[PDB]
Amino acid sequence: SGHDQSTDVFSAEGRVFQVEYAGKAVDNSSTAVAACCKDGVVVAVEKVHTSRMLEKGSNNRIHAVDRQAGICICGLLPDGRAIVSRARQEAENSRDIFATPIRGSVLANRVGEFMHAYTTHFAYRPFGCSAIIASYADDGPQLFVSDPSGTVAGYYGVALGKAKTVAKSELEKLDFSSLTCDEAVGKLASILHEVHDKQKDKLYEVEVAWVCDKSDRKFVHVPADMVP
Amino acid sequence: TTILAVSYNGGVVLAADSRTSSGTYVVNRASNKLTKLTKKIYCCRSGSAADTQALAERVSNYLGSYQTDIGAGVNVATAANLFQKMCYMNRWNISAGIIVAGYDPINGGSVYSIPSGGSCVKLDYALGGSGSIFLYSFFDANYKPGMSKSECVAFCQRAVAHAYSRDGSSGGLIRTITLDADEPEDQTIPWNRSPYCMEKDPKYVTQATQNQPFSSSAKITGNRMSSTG
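Chains as they are written, first to last, in the authors' numbering: chain G, 6 to 233; chain H, 55 to 283.
So here's chain H without its partners, still in its complex pose:
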């Protein structure tokens, strides 16, 4: 699983791969780990699909009740704080790396990582899931804050692609969603149009010279690819 959420000026981009895996077999190839809580507050779900779906549905329902009774929009801080309480209360029972991210007119775009402990950290960008570990160095090097909405989406997609190229546990579609003052823009990049994969990267075309014909020289030529030669 690879989930991330970066802030641009107006709002946020959540991005996620689409693979749930029972270890080494892909149970679902097209999961939607970007889970609506309110109109403009989503979470990205890493860990036990059961546990995060259950929390996301519980928190979505509390936020809907809350929004009805205050008769106003919900702040992302509220969604994050509810999600933290639940992820903390049950920290021993559940496996659930969450990123709450969204727009509210008070604080604009906000990102909250709620990792496995039930910490809630407010961040400019958050990484989550098995694939997160690949991106920390990618962000350190290539991420520049104060991106456009369009640049953030392109970057978030390029990020998720870099993670799911190396993480076995991540793969499939890259789902993004931009949350800002405007109507939410979801989009789904299929793997055959991903911004990066190792399979298409020219760096990794020439094969490792592992096989090597039986020769009268220590000169490494290439792989033996024909029994006649």
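If we strip away everything but chain G, and leave its shape as in the complex, we get:
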């Protein structure tokens, strides 16, 4: 019973149950999908709306961290926004102190270090979100995923959430050497429309963002015309 109450405690098997349980929060969350191309990177996230009466752009799961970088949050949105706020603090330390756009690999490791910090101490709990860091700084187009554990990994393509398994099957059909950001916006959105439960989550939209040569290596929401 006491093995799993806090993240400061390893089990006998050698794992940290509270971080596994935080991970469960992401796997029960709305599906997010992303693609790293030559042109740039694309993030698409399904937002499950509880109510018919929300504004467009309510509970935005995708946030600019810097000019060149954005975090899409798959998991508990509020937790995710604490990471976005930190990712921002790191992005602005890179510009304030070192006069450089933070590199994607650096920003990701910084997000992972932060999320990990919250897995080590009894007083805090692990974050309930996987951050998807998309960047197009001087290290080129980079897509990373920090998970609740703080484990960072670079991806060509990546699915998170309750349709993680099926959305990944569809990302494996894409050729990543070939595809452009303009194709990806189409295919990533198409994937999210395909994998979505129509009977369970009636009200939803597909928030897409990118950071590509097209957008001036600036991390922005894609216009509503490209999205379908």
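Hints listed in this document are in silico derivations from the structure and should not be mistaken for laboratory results. Where is the CB? At the ideal position from N, CA and C, for every residue including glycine.
Just some of the chain H residues that point at chain G, by a computed CB distance under 7 Å:
# : residue
1 : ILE124
2 : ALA131
3 : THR132
4 : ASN135
With chain G held as given, fit chain H onto it using these hints.
Same frame as chain G, now just chain H:
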């Protein structure tokens, strides 16, 4: 102190005299005011040796940590910006005219003057130290941008020599270092082989006629150099 850094195409030449002086006595005759921050980013240190050494060591250590953790080369802009923050934070406590100069593959050769205020100006060439004031007119007249690496080194040495010929507070060896895509080339010109000094300039061989023998004429002849004549 005379420090300067000029840009050529590939990179930069930092140049400096070698004299630290406690006012009117030369404490060190062979100082190295060209201070490594990274492989290919040096600073030239003018003002309090204590203050610039302390900053150069602090900034070198931050740049080394930074370079380790980003797992890539450091941009000169980064070194300049760190050095500016420190030179600005402490602008009342320190006396520190810095020139950060170096190579990075993004921006090539870059020069930054960080003078006493903690301004950071990106320049084609920068002058610093007590001896800088002699060179502004020398550069205005003789400096032509788009020099070869070799011409810049020869010019930078000729510059530092012109400054340290007139500045009492400057002197000794001329240290240069070229920072570019290639391995850094330091070189040290000893004073006895300096490209210019007033002592060897034929302009200043004939002495001022100050002494002048007691004569029956207002005709200035020369200095009296013998008691018999």
